[PDB]
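Colleague: Listed here are the chains, written in short residue letters.
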Amino acid sequence: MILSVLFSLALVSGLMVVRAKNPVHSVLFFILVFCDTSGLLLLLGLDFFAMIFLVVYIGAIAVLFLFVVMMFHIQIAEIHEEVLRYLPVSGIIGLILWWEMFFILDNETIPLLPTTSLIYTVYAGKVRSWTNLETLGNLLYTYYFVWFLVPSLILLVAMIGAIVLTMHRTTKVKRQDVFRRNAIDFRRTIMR
Amino acid sequence: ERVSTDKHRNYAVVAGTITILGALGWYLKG
Amino acid sequence: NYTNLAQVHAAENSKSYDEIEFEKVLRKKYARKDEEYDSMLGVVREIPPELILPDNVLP
Amino acid sequence: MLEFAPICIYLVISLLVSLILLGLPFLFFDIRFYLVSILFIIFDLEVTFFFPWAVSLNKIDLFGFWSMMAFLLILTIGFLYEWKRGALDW
Amino acid sequence: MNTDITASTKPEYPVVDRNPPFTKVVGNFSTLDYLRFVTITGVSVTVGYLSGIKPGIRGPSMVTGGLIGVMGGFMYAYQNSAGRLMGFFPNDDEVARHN
Amino acid sequence: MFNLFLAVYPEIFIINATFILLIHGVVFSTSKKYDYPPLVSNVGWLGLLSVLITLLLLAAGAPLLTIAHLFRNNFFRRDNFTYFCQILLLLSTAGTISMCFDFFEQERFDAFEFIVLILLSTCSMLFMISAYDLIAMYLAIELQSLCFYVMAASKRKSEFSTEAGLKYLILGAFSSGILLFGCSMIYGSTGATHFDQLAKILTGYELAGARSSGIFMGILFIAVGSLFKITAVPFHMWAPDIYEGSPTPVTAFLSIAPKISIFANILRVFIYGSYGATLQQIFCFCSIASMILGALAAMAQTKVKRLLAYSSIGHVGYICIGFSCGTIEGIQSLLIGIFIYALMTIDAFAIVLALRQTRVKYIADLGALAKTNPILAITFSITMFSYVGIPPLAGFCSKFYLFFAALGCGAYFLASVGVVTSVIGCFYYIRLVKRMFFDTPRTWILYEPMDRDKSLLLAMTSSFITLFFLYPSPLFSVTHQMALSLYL
Amino acid sequence: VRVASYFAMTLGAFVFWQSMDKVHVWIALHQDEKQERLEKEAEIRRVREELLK
Amino acid sequence: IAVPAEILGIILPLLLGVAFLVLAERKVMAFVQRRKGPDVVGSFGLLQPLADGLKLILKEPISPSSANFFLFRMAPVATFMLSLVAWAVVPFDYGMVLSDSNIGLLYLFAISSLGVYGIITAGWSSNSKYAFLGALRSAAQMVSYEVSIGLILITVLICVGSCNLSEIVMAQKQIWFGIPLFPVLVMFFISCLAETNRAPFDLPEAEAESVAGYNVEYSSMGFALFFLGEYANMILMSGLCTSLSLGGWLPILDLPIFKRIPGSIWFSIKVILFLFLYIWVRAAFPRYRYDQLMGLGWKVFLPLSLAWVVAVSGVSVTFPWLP
Amino acid sequence: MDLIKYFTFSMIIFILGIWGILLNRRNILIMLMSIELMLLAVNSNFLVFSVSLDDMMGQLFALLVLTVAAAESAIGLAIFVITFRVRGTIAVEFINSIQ
Amino acid sequence: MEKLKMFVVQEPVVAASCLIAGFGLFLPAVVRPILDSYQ
Ligand SMILES: CCCCCCCCCCCCCCCCCC(=O)OC[C@H](COP(=O)([O-])OCC[N+](C)(C)C)OC(=O)CCCCCCCCCCCCCCCCC
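Residue numbers (the entry's author numbering), protein chains in the order written: chain 6M, 1 to 114, 119 to 196; chain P2, 77 to 106; chain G2, 206 to 264; chain 3M, 1 to 28, 56 to 117; chain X1, 1 to 99; chain 2M, 1 to 488; chain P4, 2 to 54; chain 1M, 3 to 325; chain 4L, 1 to 99; chain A3, 4 to 42.
Since the hints were derived computationally from the structure, they do not count as laboratory data.
Just so you know, not all the hints are guaranteed correct.
Claimed, not checked - If the Cβ cut is set under 7 Å, some of the chain 2M residues that face chain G2 in the computed set are:
#1 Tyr36
#2 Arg108
#3 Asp110
#4 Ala111
#5 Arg156
#6 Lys157
Said to hold, decoys possible - Over the 10 Å line for every Cβ pair with chain 6M, so calculated as not near, a few chain 3M residues:
#7 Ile9
#8 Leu15
#9 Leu19
#10 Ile20
#11 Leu21
#12 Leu22
#13 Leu24
#14 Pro25
#15 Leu27
#16 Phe28
#17 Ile69
What the hints assert, rightly or not - No farther apart than 27 Å at their CA atoms in a straight line, the calculated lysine-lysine pairs in the DSSO-like style are these:
#18 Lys6 (chain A3) x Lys301 (chain 1M)
#19 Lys233 (chain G2) x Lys83 (chain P2)
#20 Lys157 (chain 2M) x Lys233 (chain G2)
Think of the CB as a built atom: it goes at the ideal place given N, C-alpha and C, for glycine as much as any other residue.
Same shape as in the complex, but just chain 6M:
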């Protein structure tokens, strides 16, 4: 029930992202759907992944989108189009994708119909319960270090591109210097 409420809220927030008139409202509903996905991760049991979704998606990427959207100051009728015309094609494509989801579910993943009393508890792996954070760190830093070092190159490329694209140093503006003599030693002087 809580799962159903959570992804109902997520679907509504995503629909508001799609059909929101104001891009700022779009960013806010994007934040909301990220929060709902984090709640779904709590339900799944991936506390670390939910927290990092919050930190990165909610924090970093979403403040980036918010900053750029607000700083643009986009006006209406500059980004504005009637949605009724595209409703048939959107419905057809969504129906095709939903039918494909139907076919995928109908064969591989069969839902279970009603259980708790039949749960066999091993008790062997519970003596030292490894957390998701702990297991992920162990694996990612011992035995998959290449797939961890490669994203460092991706981040370096992103930083280099961001600088080479959005850098503009002031051509002629004075910059304060604190290393002056009066700041360093300041020998006292008089009129005499």
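Here the structure of chain 6M is known, so what remains is to put chains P2, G2, 3M, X1, 2M, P4, 1M, 4L and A3 with the ligand in place on it, guided by the hints.
Modeller: Okay, now just chains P2, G2, 3M, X1, 2M, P4, 1M, 4L and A3 with the ligand, sitting in the frame of chain 6M:
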């Protein structure tokens, strides 16, 4: 009066002669 | 106007080897300019007075 | 989990008290911000990678420690690029 | 952390040692490996000098080329020495020395 | 350096050289002691040197790249196929770096970050060619994608460059999302990410059935992503616009280098792992569309860069017929076609950069070139005829061997469509040759001479193209060995 | 006011998700019949192949 | 059930503590400045927070009508939620936690990350562009110093194997981590000073100066909620400082006379010293320019935090000193 | 049932991103947002598949996809900023100079 | 040496961070193998 006063150019010439000697030795020993 | 042009020509033609080489280097380096990288760096790259032709001979 | 239900109830109660506090009186451009945000993204990813490494230093050996050091060195070169280019200045 | 040195293709020459130490591989450097290192470093320094004339940084360009060439030449010499010492290359001289 | 890393000396050296070049360029370009020198030429020369050195490392250490087979098996596997693919990729990168030097000085494009991104993207393509997993594949693809985003949008104030960067951005992100969904579907329905595990699970059972519907969808979405990466007509709409908008060195690099890496990746993920007739049918349809619409659209084009983009799309369609046959001869034909197309594209873009001095934009601009620059006119006409597939030149070798693979393929429809397209698409190459040689325009566009860096490369490439029919045995044997070594 | 509309859309999404649960239950129930249909079709193909051979 | 009772017993005393914290800030600043703070509203001014709150409640509200009424009203609500839910995890003694999350540190880091949205929306929803610019500046400053704070958290996480504050303190049992990492504690204190826009790095409170702030347009209760959120965050980060670098509910030297004190008293005392340090630094120092503080955050504290992370990791890995 | 619900939600989010791209013709930032929604759906699918299959590869690759998505968002917003500065507007009809 | 002293004066914080990072990398690079050999 009979000396080249460019340190960088002198180092470059030394490196070029070293390169030529190394390439010749590599060819002879290969 | 031709007196002024003669002054410019004499000033250009009375240069020794060192001045010719220096002005050739300056002209080659200032022949073409990039404004994107100059703006990124925070530089202007002003034309030197050596290559500034006197206004007496300019339209 | 089983510990985030108190967090959810705390959030609900915080909403209630904030709404009550609001309703009590009723009874009576610039690229520097973008660059800062990009640096935020990069260093959030850095800290996100630090967290599991810091937790699992006891299991990962010098191999893991030096892998993290190489990751930092790859990303610290980017920080030197930031410093020398002028992205850290305002 | 477990590490395996086994290669997919079998060496075509007798193997002095499968996983020689770094110091042993460095000490295995023959005159040919030194010539490799010297030639690569000199090529890099010359290229750096010839390319840094236009920007105006000849010393800095030679320094950068020197670091790049030292790294590349040392990597190439170490590669050749290790390939010889693991039997991947015609290691007649150190096979005779081992025998 | 512990002995496992013998398997990654080329990549490690190229990464360290990229870092050193970045540090040197920044520290001596932000220097007030000098006049803030344009370090693009120096950094490019040092990057070309680094590319040559890592090429030498990879070539000489042929058996040492296999060291630590099981240790690296999680991330990548190296063999003769990857060895030759990486050799060709390094050669193409070196040629692209060498032939774009004169663009820097004349066009004032003095950002050494371009060369830094060249090196980083080349390392990404190296990792991609070596890659043997669904994770390293995605990481390398995304690394080159970000590099190419920055490359296309490199000219900040240029409206064309910004628009091309935005378009390539959005469409590449869409393709990355689709490919990611495919990887997710395969992982969920298979339990495996390593290519060996996928092969073990998938062999013996067709992908068209009630079982493994999720596997089929994942494979199809990954194929869609790869097809976008190679500009097939169902997903080609980015190639012409970004190829035109991005600076000419950027579009030359985009047309030359990513093709071989993406196609080697496709061979290693599809021909080995998910080999099944449905994938070859998908690529058959994609090849039909690619050839037909490339010819049709290039007939209507009047700009050199757009015509080159559509020619690239058509030749990708031919590489796709070679793939969609998917046999030993089919894969050998694919490799032959990739090599020949890379050589011809290097030739054509070297000539274009040579004509970039006077800012050539339209096909008519190179009119009356048979008088001002005769030998250049003959060279470019030879390149155009090679693109056509005229026998004495190199392009025809790949052409007829693709058609032979298609005749032994059983795909008579595919071969007939390909040959009809070859006849149809000859017209715009012939129009180029007419513009150089036949027309007598009222006014002529005089073109400045070349640089030696482009001239030597152009002479070597033209000699290779013209005189390839005298000795194709080395390339044919190498490609046959690569195709055989794909499996055993 | 948009808060009421947002909550109405939330209730609509909840109803849609209960409908999705209903169709999932329907698919879980009606799977065996599809299985015998597929078995009959496979038997038809096998008989056709053996008659061709 | 008992969970709402515990939540109310955490929330209401937190509001009382925030009120008496602003009163204590006034008193300490006045005593620093050779004067006496609020002393006329009740004995020693103890009823001054009550009088201020009652006046704020009784003040008639005004509606800016900024065409963003919902976002204008809900931003202080958002920051108040964030402060409270951040306080939902901080321990006070052995077993005084609501959610004993194994990822408590990252939870607090995430909540601190979410804190910028209230100010950003407050600045945007306001009609004036000065408030929007001030909100952007404050958001960026909190961003930089939260990056630094996260690096300090990583240092502490290197020191202690676990990620929950209670087990962090149980490891603090020996040496309090402040003796080994006093410079790290100092950097964390300055970073949290710049995180809450308090002491130096005080942009929004420089209203008399040209920077203005994001609270200019806000009415009585909006301003009150923003102030309550800021001061609750101040107390929260003082508690974080004492749980990270002072051992939380742990006595000094483990003497048996010191163990008679419950331990919650110890945590409260340490938090009080940290709040006194907050007011001390605010009263004793001038404030930084925006560019100066941003450059200091991105060039002085980030490299030092990375270097300290590396140094602590190297010390712990080399020797058997690892948990 | 839980796996069915999670997979259905992820597929619905993917379709919703597709719908965002479809409907937002004159809006480009929302197209990028729909792409990011596709990325989020992919991450959720990987995480739920890892949980269901008791394998850690899904978590590793979801973390890597998060890093890549953050980097590509940084690059994309850089492109957006430079484009908007070049042409002074974000309207699509000003980004149709190539045809 | 003189240039190093000038740099340390002009930028003390970066020099301190570099020294701390150098110590942190130096402990496991040398002292850790030394202790491993000693054990
Ligand atoms: C026991 C059953 C009880 C009843 C249950 C059903 C209740 C009704 C559910 C449908 C929604 C009704 C309210 C719609 C309000 C729209 C307001 C509007 O124009 O907003 C503008 C916004 C655009 O933003 P905007 O910026 O223009 O906002 C302006 C908002 N107003 C008008 C209030 C000022 O439109 C949208 O966002 C598009 C919404 C489309 C409809 C989405 C509905 C929710 C999802 C439904 C899924 C399918 C449900 C049925 C399933 C059946 C079984 C398969």
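Colleague: State for each hint whether it applies.
Modeller: Outcome of the hint check:
Interface restraint check for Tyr36 (chain 2M): the shortest CB-CB distance to chain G2 comes to about 5 Å, inside 7 Å, so the restraint holds. Below 7 Å, beta-carbon pairs count as interface contacts, and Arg108 (chain 2M) has one with chain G2 at about 4 Å; its hint therefore holds. For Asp110 (chain 2M), the suggested interface contact is upheld, since its CB lies about 5 Å from the closest CB of chain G2, less than 7 Å. With 7 Å as the threshold, the beta carbon of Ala111 (chain 2M) comes within range of chain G2, its nearest partner Cβ sitting at about 6 Å, so the hint holds.
Evaluation of the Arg156 (chain 2M) hint against chain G2 yields a held restraint, the C-beta minimum of about 5 Å falling below 7 Å. Below 7 Å, beta-carbon pairs count as interface contacts, and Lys157 (chain 2M) has one with chain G2 at about 6 Å; its hint therefore holds. The non-interface label for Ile9 (chain 3M) is consistent with chain 6M: the shortest C-beta to C-beta separation is roughly 13 Å, beyond 10 Å. For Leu15 (chain 3M), the shortest C-beta to C-beta distance to chain 6M comes to about 14 Å, beyond the 10 Å cut-off, and the non-interface label holds.
Remark: the non-interface label on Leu19 (chain 3M) is consistent with the geometry, its nearest Cβ contact in chain 6M lying 18 Å away (cut-off 10 Å). Here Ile20 (chain 3M) stays apart from chain 6M, with its beta-carbon at least about 23 Å from theirs, past the 10 Å limit. The beta carbon of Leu21 (chain 3M) sits about 22 Å from the closest Cβ of chain 6M, which is more than 10 Å, so the claim that it is off the interface holds. At the 10 Å boundary, the C-beta of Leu22 (chain 3M) stays outside the reach of chain 6M, the nearest C-beta of that chain being 19 Å off.
Under the 10 Å C-beta cut-off, the non-interface status given to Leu24 (chain 3M) relative to chain 6M holds; the minimum distance is some 26 Å. Even its closest Cβ contact with chain 6M, about 26 Å, leaves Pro25 (chain 3M) beyond 10 Å, as expected for a residue assigned away from the interface. Once the 10 Å rule is applied to beta carbons, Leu27 (chain 3M) is consistent with being away from chain 6M; the minimum gap is 29 Å. No beta-carbon of chain 6M comes within 10 Å of the beta-carbon of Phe28 (chain 3M); the shortest separation is about 32 Å.
Non-interface status of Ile69 (chain 3M) relative to chain 6M is broken: a Cβ of that chain comes within 10 Å, the nearest being about 5 Å off. Restraint check: the Cα-Cα separation between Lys6 (chain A3) and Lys301 (chain 1M) comes to about 21 Å, which is no more than 27 Å; the hinted pair holds. For the given pair, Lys233 (chain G2) sits about 25 Å from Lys83 (chain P2) by alpha-carbon distance, which is consistent with the 27 Å threshold. Pair hint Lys157 (chain 2M) plus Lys233 (chain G2) holds up; C-alpha atoms about 25 Å apart against a cutoff of 27 Å.
Hint compliance for this structure: hint 17 is the single one not met.
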